[PDB]
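To start, I am sharing the structure in question, which I have written as structure tokens.
One chain of protein is taken out of this complex; the other chains stay put.
Should a chain be cited, it is by its letter among A, B and C, assigned in written order, with residues numbered from 1 in that chain.
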Amino acid sequence: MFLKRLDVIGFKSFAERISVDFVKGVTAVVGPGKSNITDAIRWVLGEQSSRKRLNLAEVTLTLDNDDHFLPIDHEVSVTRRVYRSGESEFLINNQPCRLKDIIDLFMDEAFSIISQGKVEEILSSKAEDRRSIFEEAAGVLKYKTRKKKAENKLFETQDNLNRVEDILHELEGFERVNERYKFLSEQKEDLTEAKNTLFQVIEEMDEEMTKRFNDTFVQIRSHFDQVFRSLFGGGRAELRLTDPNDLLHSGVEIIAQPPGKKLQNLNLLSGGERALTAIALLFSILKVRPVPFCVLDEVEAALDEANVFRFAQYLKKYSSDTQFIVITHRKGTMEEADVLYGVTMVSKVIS
Amino acid sequence: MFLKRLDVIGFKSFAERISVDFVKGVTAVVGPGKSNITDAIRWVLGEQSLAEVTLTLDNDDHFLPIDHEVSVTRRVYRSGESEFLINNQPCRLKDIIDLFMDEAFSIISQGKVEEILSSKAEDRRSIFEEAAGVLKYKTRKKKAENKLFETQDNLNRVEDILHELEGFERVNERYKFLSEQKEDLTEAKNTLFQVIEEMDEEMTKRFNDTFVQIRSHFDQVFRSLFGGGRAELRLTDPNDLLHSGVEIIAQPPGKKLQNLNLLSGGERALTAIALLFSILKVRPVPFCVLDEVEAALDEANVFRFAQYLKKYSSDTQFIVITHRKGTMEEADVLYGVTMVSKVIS
Amino acid sequence: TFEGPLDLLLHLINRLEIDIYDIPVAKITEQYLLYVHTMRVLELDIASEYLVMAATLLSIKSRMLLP
Partner (left out) sequence: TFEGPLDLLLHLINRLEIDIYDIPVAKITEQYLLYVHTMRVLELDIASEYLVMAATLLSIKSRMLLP
């Protein structure tokens, strides 16, 4: 749930312990080497993101240890180490543990970790793969998995029929034969009936899957336009669909007209407009499948002021929802912030 | 599914690539430095675990075909970074599970077999709760309770206004309704714990229905190995099941029914191998590795055990590593490993 | 006290939804929509679980036929 604290020793730029105490809701980070705090959590969490200190006005280091205070519904410590050679350990409340063990209360998605590159990760990607982001928010991916295996399972039961059709023709001609053939084709006829109606089921389920998809896709459209204005003030914003049908494998375009320039294509928009639109997009996807962890890594650096304001505004208002830790050099957020920790390059931090 | 191969470079004792080709079902490993191959998979999977220039990377690859041929490969350096690649494209770790949960494999060493036998009989039931598939309920039930205290505290906070409201048009219309509604609310609350009961009845019904099966096979497998004796798994606090414990008692042939350890020998060994074949019966997995596990067994023992795997083939893929003779010729395919280390048939 | 754990929490869950959202009018709200999604996606997923198991037994029964 709401993160209590982060303990930091020997990690990247971090010489001494610098412990960070992490309020519920909004929190802040200032610098021109500060960037590395997201990476900490990012890394302790296990998502993708030298890795140990070595700073030359100080002796190089062979371990890195980072700790997540992080209270759940108890206070639960999640802590991660690495060495040369080196081993790596995992400790819940400082007792050593496995990694599958990390998820647990995580799945019984989770957090979002947002940097400037991820915001390009999206905008750039060929509009085919993008729908994955909506499939994910439409919660429709699990169906897609099991459906997929039920099919691979279905071809099995299929091939056995063909193998059965083979004896049936060989059986065209004592007491053995007639009693069997009468039954064999009796039973196989029953079997292809089962098979048929399963695909039937996949249809309906594919109807719900898509019903599921765009029911959600429509909601994400509403908020995309509504949030776009709350930031640009305003313009229109829509998310198109290449191949409106063939939905399951169809694509999603993102078109935005910031105030001034007419409704047109992203990028050739340029600016920190093409930035803002995505921040707008993200607040809105966050509306359909929210998560109680959000970090933002120097994301508003292309926005101009009142922009930076309205964005920072949005987080000011996004408080009681999820815990927000944003890291930036920006002024709009800094005073609109709640709690700041300064980080200055070896690096050091406190209020 | 059934592992195709393991590519090995720069890992622990491993200088050159030594690639291992891993048949379906039974497979083998010989040595007096061989021990490190389990560790490879163990490590690539993500579970806990002089004459040449030192090395700053380690790269291990899982060929491993699924229902396609799917490569699972893991690297580490000094500083150092670590990468993750499915079919040699870089990936995240949550991404590792997927087809794993949509448990999985068992990895068995001599220490894990002590990990079990030693542990205070309280915690042991976790192994049966896990096979009784009853742990998931236990999670959600747990959060529904923590959720239930919430709805509870709000009532108390509501009971408070209700007494303050003991005395215009506002009051009477509200109080009439307020206690109307709260009365309805404690009705909901009550019956939820009701539900937890029934679900706890099924949870335990679920537990020992499975616990009974694991008992049958424990005794049946014990004989197939010792030939025979009795083996039972007791229950400390027969009721209070959910938090109760599990003792493990065995009488190998000869010595009467008595307590493990003071049994000693590779008897106390065998019983656990027996136990494990049997837990494997209730929640099987298509991956099993065994790290020098039969080293305390005497021959015909080593035989019958090795026998069991000889017969356990079409079930799951078995990779066992040992210096033992019973298994080696009863094996299917052997790879020699000799200390830097090297391997092939 | 009878019938099931399940249907009884269905009598229930149903009775709650109405008492929160479907109260006079039935006002669609951001967290109402959320509520239906979370619920309406589940049923698909549960269905998809019985879907896999259905196809399974078929391959199994398909298989008992022949040697």
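The rule we apply is simple: contacts are C-beta pairs under 8 Å (C-beta built on N, C-alpha and C of every residue); 3 or more make two chains touch, one makes a residue touch a chain.
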Which residue of B:150, B:197 or B:240 touches the chain not shown here: B:150
Touch criterion as defined above, residue of B:213, B:224, B:244 or B:313 at the omitted chain: B:213
Which of B:4, B:5, B:112 or B:182 contacts the chain that the document leaves out: B:182
Positions on chain B where the hidden chain makes contact: 132-134, 136-137, 139-141, 143-145, 147-148, 150-152, 154-155, 157-158, 161, 178, 181-182, 185, 188-189, 192, 195-196, 199, 202-203, 206, 209-210, 213, 281-284
Hidden partner interface residues of chain A, rising order: 194, 197-198, 200-201, 204-205, 208
Positions on chain C contacted by the hidden chain, ascending: 5-6, 9-10, 12-13, 16-17, 19-20, 35, 38-39, 42-43, 46-47, 49-51, 53-54, 57-58, 60-61, 64
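As a convention for this text, only the chains that are shown with their structure count from here on.
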Inter-centroid spacing, chain C versus chain A (mean Cα positions, whole Å): 25
In chain A, residues with contacts to at least two other chains: 142, 146, 149
